[PDB]
Structures are given as C-alpha cells and as structure tokens.
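*Asks:* This is what each chain is made of:
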Amino acid sequence: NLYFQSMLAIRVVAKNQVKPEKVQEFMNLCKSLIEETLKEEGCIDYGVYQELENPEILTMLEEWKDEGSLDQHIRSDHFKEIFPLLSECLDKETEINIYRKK
Amino acid sequence: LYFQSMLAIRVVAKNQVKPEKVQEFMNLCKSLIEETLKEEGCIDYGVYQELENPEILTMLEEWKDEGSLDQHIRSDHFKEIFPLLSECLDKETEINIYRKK
Numbered sequence: 001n002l003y004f005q006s007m008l009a010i011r012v013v014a015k016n017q018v019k020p021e022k023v024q025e026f027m028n029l030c031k032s033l034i035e036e037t038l039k040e041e042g043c044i045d046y047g048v049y050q051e052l053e054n055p056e057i058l059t060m061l062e063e064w065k066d067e068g069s070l071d072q073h074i075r076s077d078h079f080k081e082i083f084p085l086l087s088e089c090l091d092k093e094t095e096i097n098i099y100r101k102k
Numbered sequence: 001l002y003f004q005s006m007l008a009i010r011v012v013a014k015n016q017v018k019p020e021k022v023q024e025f026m027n028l029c030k031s032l033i034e035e036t037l038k039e040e041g042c043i044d045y046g047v048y049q050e051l052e053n054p055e056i057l058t059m060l061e062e063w064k065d066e067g068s069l070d071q072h073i074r075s076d077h078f079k080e081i082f083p084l085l086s087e088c089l090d091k092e093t094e095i096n097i098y099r100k101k
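Residue numbers (the working numbering), protein chains in the order written: chain Z, 1 to 102; chain D, 1 to 101.
Hints in this document: simulated from the structure, not taken from any laboratory.
One should not assume that every hint holds.
Claimed, not checked - In silico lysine-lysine, DSS-like type, Cα no more than 30 Å apart, as pairs:
1) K21(D) / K19(Z)
2) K14(D) / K101(Z)
3) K21(D) / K15(Z)
4) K19(Z) / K14(D)
5) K31(Z) / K30(D)
6) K18(D) / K102(Z)
7) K102(Z) / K101(D)
8) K14(D) / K102(Z)
9) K92(Z) / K30(D)
10) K18(D) / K101(Z)
11) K30(D) / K102(Z)
12) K100(D) / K19(Z)
13) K38(D) / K65(Z)
14) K102(Z) / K91(D)
15) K101(D) / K15(Z)
16) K39(Z) / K101(D)
17) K101(D) / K31(Z)
18) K64(D) / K65(Z)
19) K19(Z) / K101(D)
20) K100(D) / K102(Z)
21) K100(D) / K65(Z)
22) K100(D) / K92(Z)
23) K15(Z) / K39(Z)
24) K79(D) / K65(Z)
25) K79(D) / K100(D)
26) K65(Z) / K101(D)
27) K91(D) / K19(Z)
Claimed, not checked - Derived CB-CB ranges, DEER-like:
28) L52(Z) / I33(D): 20 to 30 Å
29) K101(D) / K92(Z): 18 to 28 Å
30) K92(Z) / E92(D): 19 to 29 Å
We put the CB at the ideal spot given by N, CA and C, even for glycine.
If we strip away everything but chain Z, and leave its shape as in the complex, we get:
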C-alpha cells in the first residue's frame, strides 16, 4: 500500500549557513556525498538547494523510506567522513529538522 509508505517516509531539512570563502569547497564536498548517498537503500531523494535571495544559505533536502534508513545514513562511512569536513565550512551549526507527513 502506497498510503502506508506515504505515512512512514521521512524528510529532512538541513539548513546550512556557509562562509562565503568556503562555498566552492562546501559544494565539492556535497558532490561526493550525493553520489554516495543516492546509492543507499531507502534514499528516495537527496539534493542541495539554495535560498533565493541568499546565496550562502544552502539547505539539504532529503527523503528517506523510513526512520531506520536515515539511521543507517548517519551511521554510514561517507556520512561519517564528510560530515566533519562539511562542518568546517559553516558560519553556524547546521539547523536540522526531521519530519513526517501529517
């Protein structure tokens, strides 16, 4: 049933604020992270997006089959290696929210 899936699907919004100097380096790190992550079981969509009038606000938008998939994502090798690098690029701590459809 595609309703049941609808109800267990997870979406994360991961909003980053980036150091103007570190943008190119940030982007190169997302490139590898997307390639890897798109190959995982449960990844429905995963992309990085930029707020319109704000070139340095760069958000991660994802959808995962379910909660345990997201759980494998953050326990994965690539996440583990790239997350810390990605974090050196930021003005502030990344602000993350995990949602479900109501």
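Given the coordinates of chain Z, assemble chain D onto it according to the supplied hints.
*Replies:* Same frame as chain Z, now just chain D:
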C-alpha cells in the same frame, strides 16, 4: 522530468502552532491542500510534523517555477486561509524558498 526537478522551486514553511490551536490549523490545512493540489505548477504540497516536536508543523512544497508560486500566494484560497492559519501561531511563520543546485 529530471529536468522539471532541476528547475522546480521548493518552499519550507515552518509554523510554531499554539498547542490548543493545532486542530483548527489542521482543518484549515485540509482545504488549503485540497485547493492547492488542483493548481497548475504544483508538483507536491503537504504539511509535515517535526518528529521531536509536535507543535512544529511545516509546509513542504514543490512548484514548476517562480511564476507558479506567485500565482499560488495570490489565489483566493491562499488569501482566504493564510490569515486564518496565522491565528494559530506563536510566531510569524518562517518561509524559505529554494532553488536546486
């Protein structure tokens, strides 16, 4: 279309709902979704609840282009329901518009 997706515009509308106001909010979202899905340019629209926090209710959306979204926030149902939605909030609703990179 991978290409649609590539030009689509996404919005994250974060609302802090008042604990008691939550159910009026949702009945208001019901009609809002209903009319909005009937709109052209609207790929995906839905209200989501934050897992940690049952008061945070966000609108996640995908539009074929800016123009479509301009129409949407000018529609009758948007103009009719949006102000009623804000009756329910603790802050002004926090809106972000995104373009894929």
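*Asks:* Indicate, hint by hint, whether the structure satisfies it.
*Replies:* Now the hints, each set against the structure:
| no. | hint | verdict |
| --- | --- | --- |
| 1 | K21(D) / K19(Z) | violated, 39 Å |
| 2 | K14(D) / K101(Z) | holds, 14 Å |
| 3 | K21(D) / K15(Z) | holds, 27 Å |
| 4 | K19(Z) / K14(D) | holds, 24 Å |
| 5 | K31(Z) / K30(D) | violated, 38 Å |
| 6 | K18(D) / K102(Z) | holds, 17 Å |
| 7 | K102(Z) / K101(D) | holds, 28 Å |
| 8 | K14(D) / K102(Z) | holds, 14 Å |
| 9 | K92(Z) / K30(D) | violated, 36 Å |
| 10 | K18(D) / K101(Z) | holds, 19 Å |
| 11 | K30(D) / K102(Z) | holds, 10 Å |
| 12 | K100(D) / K19(Z) | holds, 19 Å |
| 13 | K38(D) / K65(Z) | holds, 26 Å |
| 14 | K102(Z) / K91(D) | holds, 21 Å |
| 15 | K101(D) / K15(Z) | holds, 14 Å |
| 16 | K39(Z) / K101(D) | holds, 19 Å |
| 17 | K101(D) / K31(Z) | holds, 10 Å |
| 18 | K64(D) / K65(Z) | holds, 24 Å |
| 19 | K19(Z) / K101(D) | holds, 17 Å |
| 20 | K100(D) / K102(Z) | holds, 25 Å |
| 21 | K100(D) / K65(Z) | holds, 21 Å |
| 22 | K100(D) / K92(Z) | holds, 22 Å |
| 23 | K15(Z) / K39(Z) | holds, 22 Å |
| 24 | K79(D) / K65(Z) | violated, 34 Å |
| 25 | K79(D) / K100(D) | holds, 27 Å |
| 26 | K65(Z) / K101(D) | holds, 23 Å |
| 27 | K91(D) / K19(Z) | holds, 28 Å |
| 28 | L52(Z) / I33(D): 20 to 30 Å | holds, 24 Å |
| 29 | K101(D) / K92(Z): 18 to 28 Å | holds, 19 Å |
| 30 | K92(Z) / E92(D): 19 to 29 Å | holds, 21 Å |
The structure fails to meet hints 1, 5, 9 and 24 from the earlier list, while all remaining hints are met.
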